[PDB]
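Only one chain is given next, in structure tokens, and it is the form deposited without this ligand.
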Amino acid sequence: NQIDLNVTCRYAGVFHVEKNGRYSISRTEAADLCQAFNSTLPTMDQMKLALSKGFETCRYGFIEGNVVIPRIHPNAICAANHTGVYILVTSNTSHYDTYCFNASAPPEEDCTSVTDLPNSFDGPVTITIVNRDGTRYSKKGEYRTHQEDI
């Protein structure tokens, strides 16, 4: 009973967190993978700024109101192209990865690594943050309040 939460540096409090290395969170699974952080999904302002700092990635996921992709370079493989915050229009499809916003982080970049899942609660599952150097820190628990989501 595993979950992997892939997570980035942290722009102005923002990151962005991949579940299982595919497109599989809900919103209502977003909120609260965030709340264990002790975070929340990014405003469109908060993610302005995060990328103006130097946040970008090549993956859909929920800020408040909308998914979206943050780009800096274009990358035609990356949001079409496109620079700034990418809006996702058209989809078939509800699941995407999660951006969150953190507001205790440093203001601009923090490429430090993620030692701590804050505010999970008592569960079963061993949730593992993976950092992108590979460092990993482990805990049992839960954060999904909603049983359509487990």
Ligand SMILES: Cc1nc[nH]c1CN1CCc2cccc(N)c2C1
Contents of the next structure:
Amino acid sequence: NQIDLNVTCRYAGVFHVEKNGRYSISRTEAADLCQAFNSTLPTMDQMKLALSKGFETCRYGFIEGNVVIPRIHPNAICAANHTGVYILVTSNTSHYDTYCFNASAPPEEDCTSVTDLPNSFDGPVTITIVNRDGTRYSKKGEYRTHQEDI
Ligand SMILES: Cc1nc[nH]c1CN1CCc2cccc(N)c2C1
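Would you mind generating the form solved in complex with this ligand now that we have the form deposited without this ligand?
Starting with the chain above, the whole complex follows.
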């Protein structure tokens, strides 16, 4: 009973989280996951500031209101060569990654490791935070408040 949460650097408090390295997070799960990180779904303005500080991914993720990919460098296989906060317009499907916003993070680029999920609650799951440099932090608990997500 095990979940990997792969996390990125924070940029102006904004970071990307993916579950088990594959698109698998619902919109309700995304809100609960950010909450477990004492974070919220970013606004578009928070995301645009993060982009200006150096944030880009090649993954669709929830923010408040939309599914987006922040892009700095044009790449034909990421957001169809767009730059800026690319907004996903047309999709059949409902499960992506998520972005989260932590107001207490440093103002610019923070590529230190994440080593806690401070607001997860009691539960049976072995949750492992996986950083891009391979650093891991594990705890037993739960973050999903919606039965449909479990
Ligand atoms: C290349 C790729 N395919 C699906 N997701 C991804 C990006 N992942 C790749 C796996 C991974 C592991 C630990 C931290 C981070 N940020 C990531 C980012």
